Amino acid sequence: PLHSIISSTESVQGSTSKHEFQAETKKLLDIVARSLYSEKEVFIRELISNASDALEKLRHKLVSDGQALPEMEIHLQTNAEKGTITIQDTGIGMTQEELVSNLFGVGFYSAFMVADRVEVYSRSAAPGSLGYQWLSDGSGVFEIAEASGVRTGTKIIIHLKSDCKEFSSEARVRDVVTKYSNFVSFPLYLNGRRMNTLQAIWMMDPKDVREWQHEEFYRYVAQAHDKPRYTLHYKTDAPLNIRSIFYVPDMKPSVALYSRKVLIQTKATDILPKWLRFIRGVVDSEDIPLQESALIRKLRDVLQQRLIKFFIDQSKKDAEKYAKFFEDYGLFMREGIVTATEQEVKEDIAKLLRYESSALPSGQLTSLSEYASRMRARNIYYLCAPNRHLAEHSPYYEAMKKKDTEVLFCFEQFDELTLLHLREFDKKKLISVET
């Protein structure tokens, strides 16, 4: 049951009126066509983005006016014989002035990366509007004429270059559409076949998202078959635009980067610190282009503090579940501590650490912070030993415990090396009893 909407109903009665871009705008357009994007296949991504925004603007308008909603879809068509690719949306259109003035608008001209000659038809959703044609061949000269038989919305016909004939093949185009636009907000059809199925749940309100939805999305982005033990839905506007979901896999030992439901990097290792590479999920942000590493540090630092705060707030909600989490992922937290350059970052990550104490029963864990909360009046004392009993009957502990202080217990060499590297936490110093 193929559902297609694209066909030839457009015609131009009169002649076109030739126009020419300014020298400056022409230099920018050629940049978009050659010097702006690394992947020439992303022109499909951009046009789908445009089509989607156009559909939203139309919907929001109709919903606001209380009017009924028409078919709101995005259609792509490939034609190998004619060597073309078409994309039409039933969104809000473009007026004549927008077909002239405009050139949103930048993403469209990205089509001239693979196009020698492009044909465009648009008609505003405004009642009593006229259809118009737009033509250009890559130079700074475009044509505009009044066209009839133009459906409300926008239809973009691209005539691919000689070495870009690949984008006229259904196989190639399906690959690209499912890569960058699997979460498009409107129904997307390719040659009559439905493509998009997935819902960008990170855009929703956290309270409205259902647990089975998180489970579905986790299995998609992490390509796993288990469930997540932790889920953080973080949305913010103040620092930067951020729509993200983070998962902690349930099993023991690649966050995606999106922009407005549009994929950018499947592997976004740089978005988070190296010690947080066990995290799975997605980060969506409008404040992102376009390798890359400029303002990314801003985001990477914002997410690091939110995730640290997250894991802290989790321990005080379920200390036992967090204990198992620490046991399973403490490796990454120790690594992060030692790896860190600045001291403040070390003590931040260290807030996630957990050890046993002399003032606490065996099996119960405490943080460095909870230790200092019980510090009377100087320093932080610890002792590394094979087990709890061997540490309790130790002479060094008997000397320390007999007088005043709570003493921490660690039972692995890597736990001791971590505290030694940390040198000091908060306003106190980490000191071994064997000294």
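Positions refer to the first chain, counted from 1. In this text, the rigid core denotes the largest set of C-alpha atoms whose superposition between the two forms falls within 1.5 Å. First, how it differs from the form deposited in another entry.
The residue among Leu365, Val345, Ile201, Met195 whose Cα moves by 2 angstroms or more between the two forms, once the core is superposed, is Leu365. Relative to the superposed core, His421 undergoes a C-alpha shift of no less than 2 Å between the two forms. Shown in the overlay between the two forms, fitted on the rigid core, is a CA shift at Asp328 smaller than 2 Å. After superposition on the rigid core, the Cα atom of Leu408 is displaced by 2 Å or more between the two forms.
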Contents of the next structure:
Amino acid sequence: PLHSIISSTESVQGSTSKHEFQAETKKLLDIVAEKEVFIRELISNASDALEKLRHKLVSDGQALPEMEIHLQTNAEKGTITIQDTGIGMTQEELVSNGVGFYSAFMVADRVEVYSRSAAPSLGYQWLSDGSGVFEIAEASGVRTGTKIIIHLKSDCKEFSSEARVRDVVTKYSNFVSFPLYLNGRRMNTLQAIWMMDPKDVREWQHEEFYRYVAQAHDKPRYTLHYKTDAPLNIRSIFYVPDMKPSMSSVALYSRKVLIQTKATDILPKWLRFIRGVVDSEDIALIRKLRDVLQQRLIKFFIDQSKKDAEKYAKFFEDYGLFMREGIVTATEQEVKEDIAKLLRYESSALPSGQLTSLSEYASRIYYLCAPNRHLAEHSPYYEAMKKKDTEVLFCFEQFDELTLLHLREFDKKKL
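Take the protein just shown as the form deposited in one PDB entry and give its structure as the form deposited in another entry.
Left out here are the partners and the other molecules; the chain alone remains.
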């Protein structure tokens, strides 16, 4: 089954009318005159076009048309073509000076455009060779929506071969909310469920997605679907893998098209065990986004350990290492402090199997060496405190020492 709609149905009966770009549109259209980015942009607009249309037909409500996004390559003409069937542009929009303009030209020696607005409006050609002048003529045979043809620069002819284009689409445009055909071959779309409302995402749907974003074969031991608009637009999903970890990677999205796939320092360093996905509508800022996500995660765990102390304990043995690096490698004491509220430790208050949290040691901090309750339960330094009043805290882990020393205190407590 081959299915694409892209062919030359157009002609310019009349004759074009050259224009000038405004004084500014020039000075960026020449500083520009990394590299694969532009299709991600062009796919975006071609969707956004279609969304704006769909949203307007249901308004009144006569049955929807075909709504696709197509991409065509030409080996012998050296071209690439993207035609959505969206709401389209009118003649005025065509002349009024908005991302995709500068990326298409960053690869094109010359762009060709066939737009036509949905309002039953004529169709127009739009030519430009990246110099200050763009012709625009009424054109015959234009199909509703917007075709974009690009005769690629001499040196950027790579995007002209199909074997090179597929990865760019699979990478960035795997979640566009309308069908997307490369050469009429349907390109996959998974559902971007991180956009949805946390209540409407079933449990089975999270799993299917965890299995994708993490390349795994199990379920997620925890799930966090953080959707909030107050600080920044975020539509996020977090998953912690179930079993014990043995040898960041949250993807980074903006309005369903990928920016960065292995987002480094989107999350802290001690949170590098989270997969899932952060999405925003905001394209140095990250040093604000990383800190605010850090808080929501710490929340989620402090409040898991409130929900179900057994699942948490299983997790804190599996992943307590990162939590320690968190406090040794974090520099600002309140962040270290807020991570310690996740540490659980064995202590004199119950037999082996007592995880006390330091937070609860507020009954009255002393701590001892490792690793077994026997070398702890008879240590001349321990028993010195067993004849003494205070309750000691038993670390039983070796890197716990450096954690609890680099965490130089807790809640202004000696530690």
